[PDB]
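First the structure, in the form of C-alpha cells, and then the observations on it.
It is the complex with one fewer protein chain than it really has, and the rest are unchanged in position.
Naming follows writing order (A and B), and every chain is counted from residue 1.
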C-alpha cells in the first residue's frame, strides 16, 4: 500500500491539514455539512481506542507483577506510588495557584466508601462491565500468587502455572500489535477530529475563554519545568538529555489524544535509553493509568472556573477538599479522549456544585468545547511524568 | 441406553408423532392441559440452543482466521462477503415481488449510527452481556494479530502465542461435542414444540393466514431454484449432485430449528464432498450467522403483511427502505428459534410502524403463531445458502 512514511510525520500532516480545512470552511455555510460527514469518521477512531484499553490494563499488569519477586516488588512499588501521589498533589495545588493569579471565567452572576470500593465484589463482573481500579487490584493479587506457585515443589501445579501465565502474556502481546494497527488509521481520524473542532470555534468569543486556556497552558508548562528539572537535578540526571529521548514520546502523545496507544512507543523509548527492563515493565503500565496529573491540574483549574462563574468563595477546607478529591478522581479516570470532563463532574459534585443547574451547565458547555484543545496538552504532560518517575527510581539503585 | 438409532430418523419420528397428538388432542378439552405439561419440556430445549451459540461464534472465528495467512484472507473474505450481501438483497426483493403478487393480509381497516455501533466500546462487556456483531469484529482482529505474532522472531512470545491459540481452539471443540449431546434431547423437544403448535392451530381460520403461508413458501422455493441453479450453472456445478450432499444438511436444518446445531453436520458434509478445509472452516461459521437470507425474505413479506393490515401504501423510497433495513436487521439477528420475529420488530419500527399500537399488534400476534411453522423453512434455506456460497468460491480457484 502507499502509506509508507513513518507514523509521527503522517499524524502531523493530518493535524495540520485538518486545522486549515476547519478554518476555511468555518467562514462559509459548509461549516454545517462537516458535522454530518466528518464526525462519523472521527468517532470511529475514538471507539477503537476504548476497545484496546481494557485488555492491556489487566494483562500487562499480571505479567509484570509475575516477573518480579515479591520483595523487590515491595521496594519499587512503595517508592513509585509515593512519588506518583506526591507529584499529583503538587500539580493540582500549582493549578490552584494559577487560577488564583489569573482569576478566570468571572462572567456574569462517602470519603471512606470510595476507598473501600477499590476491592472488587466480583472479579469477572467488575472486569467486564465495571471499573479500572478493581481490575488493577485483582491483577496484582493474581500475579503474586502465580509467583509463589512457580516456586512450589510439585511439578503438576508448576506446569499448570507456567501455562496459565503464558496464555495471559499472549493476550498482552496481541493487543500491542493491535495498537500499531490503530495508529495507521490515526492520521485520518485526527484530521477529522481537529477539523470539526476548528469549524465550531469562533475565535474572538473564544478569546475570553482563551484566558482560561492561557492559565491552563502556563500551569502545565510551569509544572514540567519546575518539578521535573528540580527532581532530576537533585537525583543527578542531565535534563536536556532526558528530554531528548522523551521528545519522541511527548510528540506522539501530543498529537494523539491517548495515554495508552503511547504506551508501546513509551516502552520502545525506555528500551532505547537503557533502563532495567522489569522495573519499567511493571512501573510504566501502572503509571499509564495512575499518572494523569496533567488532567488533575486541569480539573482543579476548571473547578475554580466553574466556581467563579457561579460566584462562590472557597474556604481553606473547601480548597483542601478540591485537592484530595482531585487526586482520587484522577486515579479513577480512564486513559482515553475526553474522559477528564466526565470525571470533572465527579469532583464538582463532591465540592457541592450540581451539574444539573442550567447556569453552571452553560458554563460547563463552554469549557467542554475547549476541552478538546486542552486534552492534547494533558496527554503530553502525562507521558512526561511516566518517563521521569521511572528514570528517577532506576537512578536510585 | 436404548436410544441407538441415527439422529435424523429419531427426530423425524418425534416430529410426526407430535403433530398427530397435537391434532387429536386439539378436538377435545385436553387441548388445554398440554400447555402446562408439554411446554416446559419444549422450552428446556430452546434454552439449551441459546447457551451453545455464543461460545461457538467467538471461538470458531478466532481459530479460523488464525489458520489462514492475511493475503489469502483478503481474497476469500471479499469474495464471500460480496456474495452474501448481494444474495440477501436478491432474496428480499424477490419476497417483495411475491407479496405484491399475492397481496396477503388485507383484512379490515441512525442509519450511520448502527454501522458505527459494530465496533465494540468494550470487548468483554459486549461479549458477555452484549451483541453478536461486535464479537465477530473483535474475534477477527485478534486472529490476525496472533498470526503476526506466530511469525515473530523471539521465541518467548512465539510460545506464548501458540499456547493462547490452543486454549481457544480447545473451547471450540468442546462446544461442538456439547452440540451432539443436545441433539440427543432434540427428538423429545421437537415432539413437544410441534405438539403445542398443532394444538393451538385452528385450521380453517388459519386458512386465511395460509395465503400468507403460501406466499412465503413459494418465495422460498423460488429462491432456491432460480438463484442457486443459475449461479451453479454459470460457474459449472451439477446442481442435483450438489443437492444430493446438501440434502442431509437441509433435512437436519428443516426438522431442527437451529442454524447453529446444524453447523457441525454441515462441516461433516463439507468434508465429505471434498473441499479445501481452511476455506470452509473460515467461511462457513461466518456464513452461519450472516447468511440468514431466508429470514430476510420472510421479514420483507411480513412487513408487507403488516402494512396491508394497517392499510398503508409504500413509495419507491419506502420499499428501498425496507430492503436496506432488512439486510442489516438480518445481519443483526441470532441463530436460534423464533428470533426472526424480534428482529422483524426492528425493521417495522424503522419503516415507521409502531409495535405498541393495538390493531397492528393483533395482526402481529396472528403472524407470531404461524412463525413457528415458517421457521423450519427459513432454516432449510439458510443452510442451503451456506453450502452453495462456499462451493462457488472454491470452484473459482
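Keep in mind that, in the parts below, contacts are C-beta pairs under 8 Å (C-beta built on N, C-alpha and C of every residue); 3 or more make two chains touch, one makes a residue touch a chain.
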### Task
Just name the one of A:36, A:121 or A:396 that touches the chain not displayed here.
A:121
### Query
Which listed residue, B:44, B:116 or B:214, touches the chain dropped from view?
B:44
### Query
Of the residues B:85, B:114 or B:171, which one touches the chain left out of the display?
B:171
### Query
Of B:152, B:163 or B:319, which residue touches the hidden chain?
B:163
#### Entry: Where the unshown chain meets chain B, residue by residue
40, 43-44, 47-48, 50-51, 54-55, 127-129, 163, 166-167, 169-171, 173-175, 177-178
### Task
Could you please point out the chain A residues that touch the chain left off the display?
112, 116, 119-125, 127-129, 138, 141-142, 145-146, 148-149, 157, 159-161, 163-165, 167
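Note that in this section only the chains that are shown with their structure count from here on.
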### Message
Averaging over Cα atoms per chain, report the distance between chain A and chain B in Å.
### Response
44
